[PDB]
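Heads up, the thing below is written out as C-alpha cells.
Excluded from the complex is one protein chain; the other protein chains are retained at their positions.
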C-alpha cells in the first residue's frame, strides 16, 4: 500500500486530486475498485470514466477534463503503467533461501542472498551471483555462470558452460544450451558434430516459457543485452541477436542468423540462417524470411485467411500462375 | 481389468450376439487384436475382412451383423462405443499413487481426500488440491493455486501462482500454465517489463497436451472454457479467452487478448492475431493465417500448398511480381478496347 502523493512522486507524475488516497494495487479500467490505480491510452474510454471505480487513473493532459476521479497526468500512460505495476507488483519469488531438497555440488560458488528452490540441481563449478534466484526443479549444468540479480522460474534447464548476465528472467520450461543441430554425413549416415560452443546471454534479458536456445558449434550463440524473447521460440546454434531486439512467440530461427539492434520479429515468423538482418527491422507475424534484410523498415509475407470456398479457388489459381503468366505473354505478343 | 463380454455389453448399452461368458482383457486394433481382445468396425469395407480378425469380440452396427465371424456387440455408434470401452479397459497408469516421501509440500497446502503426489513434486504455500487430484512426479504448483477435484497432471508440469484449474482436467508433461505474458513498454528503445498480475482460469474437463504454454493475464485473466481440448506445443498468450468445447490442434500460436468463441476448431499450426475476436462455430484449417477478426461462423483457410521446387520457384516469383502482372493486364485491356 502507498499514498497517491508518494506514487506520483516516484512516477514523476502531476497529481490532480487527494494525495492522501491510499493505493493498494493496479487494475484494469473495467475491474478497478476503490484503492486501485488504473490507466487509459485510448481516448474512447474518456467518455465512460464516470463508470470506472478506480481511486486514480493515469492519463494524459488532454484526458484531464474528462476525469471523474483523482488523476496522475503524464506524457506516456502505458510506460507510467509499467513503472507503477513494478512498484505495486504482487508476483512472488521463485524461491526463498536454499531449500533442503536442493542438490548442490560442493564446488558451486554462490554469492550473497542466493535462493534455490526445492529439488533444483546445481552442477559442479557453477557460479551464482548475488541475489540470484533458482526456481524449484531447475537444472544448471557444469561451470555455468549466472550474474547478479538473475532469476529462473521452476523447471528451467541451463546446460554446461553457459553465461547469463545480470538481472535476467527466464520462465519455466525453457532450455538454454542444448546441442545445436549439427551433423556431418558419411554415406547417408548422420555423424554427430559435438557442439562445444556456448550460449552467452547479456544483461536484462527476459526469455519466455518453453523456449530453446542452442549452444554454438565452436564459437557461441549470443543474446544481446535487453533482448526479450517470448514463449516457444527456437534460437539455433550460433545465432547472434543484437541489443534490445524483441522476438515474439513461436519464432523459429535457423543457425548462424545475425539480427541487429532494436529489431522486432513478429510471432510465428521463420528466419533462415547464414544471413543478417540489419538494425531497426520489423518483421510482422508469420513472416517467411528467406533473404537478408539490408534496410530498416517493416516487412511482411503471407496470403491471409479467406472463406474456404474462396481459398480453394485462390490457391488453385496461384498454383497455376505460371500458366496465367504464359497466357498473358501470349496475348501481349498477339496484340 | 478383465471383464465378461455380457457385463461389458451392459455397461456399453450394446446388443450382445454371442457368448456372454467370453472374458475381455483389453482393446486392440482390428489388425492387432488377438484372443481376449475386443475391437470395433466403423468401415463396412472390412466386412469381408472380419474372418481375418482374431479378436474375441467386435463392436459393429446392425447392418454389419450378418458379416460377423465372432461374438458381436451391436451399437448405433461403434466409434463412440469404442471410446467408452477403451475407458473401461484403459491400461494407462496413474501419474502417481499416494504421497511420495520425496515430494516437497508446504505445510499450508490443503489436500483433499485421496490425493496422490508423485516423487519430487513441489507444492507451494496456499495450494488447494481437490479430492482425487493426482500430481505427477517433478511437477511444480505455485503459491495459492487451486486444482479442482479429479484433475490430473502428468510428470514435469509447471503451474505458476494464483492459477485456478477446474475439475476432471488432464494436463500432459512439459506444459506451463501461468508464465508471464509478453508484456513490455518501450522507453527510448529499452524494454520495460510490465508485471503480469492477472491469472489463468481453466474450466472443467479441459485437456491440455504436452509442452503447451498458457500465459497469465496482465491485469485481468487468461480464460480457458469448459471442455476445451488443446494439443501439444500450443502458445496461448496473456488475456486470451477460449470458449467452451473449442478444439485447438497442435502448434497453434495465439497473440494476446484474442477471444475465441465457443464450439470452434483451430487447425494445427495456425497463427492468430491479437486484440480481436473469433465468433462461435468457426473452423480454421491447418496453418491458417488469421490476421483479422472472424465475424461469421463457417470454415476459413489460407496458404499456398506444396509444389515441386522447380515449379514453386516460378510460382513464388510470379506472385511477388503480381502487381506488374496486374498492370500489364490492365494495359492490354486498354489497348484491346
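The first chain written gets the first letter, and so on, giving A and B; residue counts start at 1 in each chain.
The rule is simple: contacts are C-beta pairs under 8 Å (C-beta built on N, C-alpha and C of every residue); 3 or more make two chains touch, one makes a residue touch a chain.
Chemist: Out of A:22, A:51 or A:317, which residue would touch the omitted chain in the full complex?
Modeler: Result: among the candidates, A:317 touches the missing chain.
Chemist: Sort through B:87, B:98, B:108 or B:114 and give me the one touching the missing partner chain.
Modeler: Spelled out, the listed residue whose C-beta touches the missing chain is B:87.
Chemist: So which bits of chain B touch the chain we can't see?
Modeler: Residues touching the hidden chain, for chain B, are 26-29, 31-32, 79-80, 82-84, 86-87, 90-93, 100, 102, 118-120, 136-138, 154-156, 170, 172-174, 205, 207, 209-211, 227, 229, 231-233, 245, 247, 249-251, 268-269, 286-287, 303-309, 312-313, 316, 319-320, 322-323, 325-326, 329, 332-333, 336.
Chemist: Residue by residue, what part of chain A touches the chain that was omitted?
Modeler: Within chain A, the residues touching the omitted chain are 101, 103, 119, 121, 123, 137, 139, 141-142, 155, 157, 159-160, 173-175, 178-179, 181, 183-186, 188-196, 210-212, 214, 218-219, 232, 234, 236, 252, 254, 270, 272, 283-284, 287-291, 293, 297-304, 306, 310, 313-314, 317-318, 321, 324, 327-328, 331, 334-335.
Going forward, only the chains that are shown with their structure count from here on.
Chemist: Please compute the C-alpha centroid of chain A, do the same for chain B, then give the distance between them in whole Å.
Modeler: Roughly 26 Å separates the two chain centres.
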